[PDB]
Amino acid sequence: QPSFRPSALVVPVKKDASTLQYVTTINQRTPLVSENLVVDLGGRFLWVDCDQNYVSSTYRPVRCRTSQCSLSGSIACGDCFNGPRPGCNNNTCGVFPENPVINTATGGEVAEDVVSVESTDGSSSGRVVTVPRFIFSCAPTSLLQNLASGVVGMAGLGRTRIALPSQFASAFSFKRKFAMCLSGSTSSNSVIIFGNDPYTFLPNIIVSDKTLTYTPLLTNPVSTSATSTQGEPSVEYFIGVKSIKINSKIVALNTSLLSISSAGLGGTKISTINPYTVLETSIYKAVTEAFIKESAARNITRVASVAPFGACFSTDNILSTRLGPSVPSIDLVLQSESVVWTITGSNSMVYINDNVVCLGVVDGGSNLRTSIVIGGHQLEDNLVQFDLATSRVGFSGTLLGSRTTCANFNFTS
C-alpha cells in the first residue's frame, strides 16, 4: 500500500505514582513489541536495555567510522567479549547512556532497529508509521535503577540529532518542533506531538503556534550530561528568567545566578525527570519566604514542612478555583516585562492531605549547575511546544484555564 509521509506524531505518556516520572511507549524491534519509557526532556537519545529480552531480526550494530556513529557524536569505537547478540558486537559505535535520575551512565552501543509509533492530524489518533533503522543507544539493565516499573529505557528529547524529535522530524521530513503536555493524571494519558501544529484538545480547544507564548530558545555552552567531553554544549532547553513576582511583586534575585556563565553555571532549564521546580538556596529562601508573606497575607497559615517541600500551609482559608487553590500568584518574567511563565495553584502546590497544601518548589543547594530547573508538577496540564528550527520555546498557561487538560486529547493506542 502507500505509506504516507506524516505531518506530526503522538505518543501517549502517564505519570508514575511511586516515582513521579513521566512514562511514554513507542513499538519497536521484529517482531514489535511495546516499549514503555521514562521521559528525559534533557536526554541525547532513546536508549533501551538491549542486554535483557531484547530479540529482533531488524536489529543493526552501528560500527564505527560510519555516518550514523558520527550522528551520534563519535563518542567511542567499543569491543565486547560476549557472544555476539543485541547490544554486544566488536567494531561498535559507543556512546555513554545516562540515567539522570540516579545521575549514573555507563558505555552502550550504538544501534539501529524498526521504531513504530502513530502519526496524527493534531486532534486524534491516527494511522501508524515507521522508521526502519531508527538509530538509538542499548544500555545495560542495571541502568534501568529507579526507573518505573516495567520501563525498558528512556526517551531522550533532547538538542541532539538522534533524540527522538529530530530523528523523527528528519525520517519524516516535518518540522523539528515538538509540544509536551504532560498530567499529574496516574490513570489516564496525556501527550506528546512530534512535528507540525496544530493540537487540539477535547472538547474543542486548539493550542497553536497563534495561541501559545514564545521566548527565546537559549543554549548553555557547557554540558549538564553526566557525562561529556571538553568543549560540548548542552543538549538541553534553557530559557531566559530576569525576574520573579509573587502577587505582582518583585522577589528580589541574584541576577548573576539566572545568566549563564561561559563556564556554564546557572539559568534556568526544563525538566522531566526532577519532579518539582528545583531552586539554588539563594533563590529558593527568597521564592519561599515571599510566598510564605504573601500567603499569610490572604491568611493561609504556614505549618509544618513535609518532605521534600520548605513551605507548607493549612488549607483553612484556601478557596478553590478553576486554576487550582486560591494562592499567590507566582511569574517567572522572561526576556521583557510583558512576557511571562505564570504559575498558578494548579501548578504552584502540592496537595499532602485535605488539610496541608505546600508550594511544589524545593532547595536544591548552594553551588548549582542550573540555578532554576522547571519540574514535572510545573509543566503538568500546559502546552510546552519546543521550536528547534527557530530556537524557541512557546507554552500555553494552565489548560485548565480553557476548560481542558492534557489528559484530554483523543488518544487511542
Given for the second form:
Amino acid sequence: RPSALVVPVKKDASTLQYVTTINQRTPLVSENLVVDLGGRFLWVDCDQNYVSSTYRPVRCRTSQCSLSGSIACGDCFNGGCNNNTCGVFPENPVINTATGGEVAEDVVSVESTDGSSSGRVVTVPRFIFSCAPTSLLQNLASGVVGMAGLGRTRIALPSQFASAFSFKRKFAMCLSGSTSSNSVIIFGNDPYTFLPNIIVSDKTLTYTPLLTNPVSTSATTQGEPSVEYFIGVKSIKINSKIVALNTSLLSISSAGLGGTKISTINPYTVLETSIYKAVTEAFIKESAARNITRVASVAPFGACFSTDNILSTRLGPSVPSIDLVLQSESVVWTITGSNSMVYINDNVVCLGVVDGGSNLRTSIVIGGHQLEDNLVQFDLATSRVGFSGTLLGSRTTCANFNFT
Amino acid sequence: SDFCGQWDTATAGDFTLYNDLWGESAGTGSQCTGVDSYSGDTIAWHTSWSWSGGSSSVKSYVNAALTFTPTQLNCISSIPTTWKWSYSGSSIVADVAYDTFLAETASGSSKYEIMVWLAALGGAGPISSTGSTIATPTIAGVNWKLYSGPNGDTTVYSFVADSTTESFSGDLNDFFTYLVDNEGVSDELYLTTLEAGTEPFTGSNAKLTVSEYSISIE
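Can you now output the form deposited with the partner chain bound? The one shown was the form deposited without the partner chain.
Full complex below, order starting with the chain above.
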C-alpha cells in the first residue's frame, strides 16, 4: 500500500501548457497528457494506435457508469445504433470544445512516493477514463494523447487514486516554468520534500476555504455545479495599498458569475476589464513610485517596463508585490515578481496578467505563471486550499523534487 | 580538487562548503566549487561559474557554513568574523553576503532571516516592502543600508554595504544586537545558521576568490 503518488509535469514551450506523464495499457505505454486542474476525467485519444489487451468498454447501467457522471446511455454510429454505451463529453478547454466520449477502463501505472523521492511503481488495473477523437487534441502540446483531469469528481485522478489506493482525497501540485527539468504533482498525503532539504507540510501551508460554484461555467447537465476550484479573494493589495474595485464582482452570485478560480489551462492570470483596469493602473502607479518606468506593451501583455532600476532579488525582480487578501486580513496569497513579471528579453519586463473582456463567467482566474514555483495543495475531503508561497523564498524550486 | 554537482559538498574544519545549485533549473550554465585552504575556524575557497537565462532567478547559493549548536542571542558575547574575497568576470550580477536565521526553538522553522551583504553587483538586491531603506546604520566600521521584507512566515532583514567591501572584519553579533534594540527582535531567539556565500543570477567567466574567511561564536 502506497501512502502517496508522484507524476512529472513539464512546460511545453510553444503553448505554455503544463504536460504530465502516466503509464497506461497492456503492454504499458508512456502517455503525455495536458494537465487540466479543473477537468472532470482522464480522457485519452482512442484511435487505431490505441492497442491494449486490458482495455474494457464500460457498459451503461453499471456501477462504473454512474460514477463517471454519465447522464445518458447508448450510441448511434453511422452507414444503426447501440443500446447503452455510457457516453460522456470530454472537453478541450484550450479550444472551448466538447466532443462525445465513451467511458472505459484500462491499466494505469505511476510511481509511489514517501513524499521525498520516487517510490516503487504501483497500478490501478481498471482505471476509469474517457475515449475521444483525435480532433479534441487541437491546439494541444506536441506529443500528447489526452488530458489529465484533476477536478472534483469520483473518476478524476485525485479522487480516483484516492479511492483506488485508500488514502486521503487530496493532491498537491507544484508547477514549474522550466521546459528543462521535471516538475511534479503529488497525489496522496503530505509532507512534500524539495531538495536540498525543504519540507512542506500542512503545518507549513496557508489555508483558505475551497468554495463551490453551485452553477457550472463548465457549460455543456442541468443544475449541476462546477467541479472547478474557486477561492475567496476579498481584496487586492499592491504593496500595502487596496486597489479600488467593484467588490461585488469578487463574490459568486446566484447565477454563478464572478469570483476567483485557479486554472492550469490559462498561462497568465485572466482579469476582467473592471479589475484589469484597476490592477494594471495601480501596478504601474506603484512601479513608477520606485522609479520603474513603462515601455511599449508587448503581446499578449498590457503593462511592460524597463529593467533599468529593476533590481534582481531572490524573490524575483524588485517590483511591488500583489497580495490577494483572502477570508481574513492575515491570510494572503502573496505574488512577488517571479510570479507577476515575465522577462521578454534582457531590457524589458512585462506584467503577466491578461485582460479577459467583460461578461466573462469568472472575475479573476489565477493562471499558470502565477502558480509556478508555489506548492498548491487541494484537499477535497475537507474542502480547503493550502499554499506555500513562492518556494524561491526558501531557496528551492518546484523542479527540486528527487524524481526518478 | 573541486566539485560541480548540484548538491555536491565538502567538509573542511569548522565548515561545510556547499555548491547548492538550487536554481540551476532556472537558467543555462555551469558552476564549480573548491577548497583551497582550511584550518579550524578559517577557510579559503572559490566558485567559478557562468550563468545565463533567468535574469530574475537565483541559480545557486554557494556558501561556507559553520557547524555549531543553535544558541540563544542573550548567551552570545561575540561572533568575530573576517572576510576577504575578490570577484573576476564579466556582466556579474550576484551578491556576497553573510546569511543567518533565528528560530524560537532550536529546531522549528525560521522566524527572522538576517543578511549582511558585503557586495551587490550588477543589479543584485535584497527583499523589500517599499524598496527603501528602513535605516542607514553604521556598524562594525561600515556604513550599511538596512532593508526589510516578508518571506513566508519570516521577516527578512538585510544590511547592504554602501560600497563593495572586498575586505571586512568585526563582530557579527553587533548586527543582531542592533536589530534586538531597534527592530524588536527577541533576545531569546535561537541563532540556528551562519553562512557566508554568494548568490549569482547571470554572468560570464566568473570567479569568486575568497582569499580568507573566518568566523566564531563566543
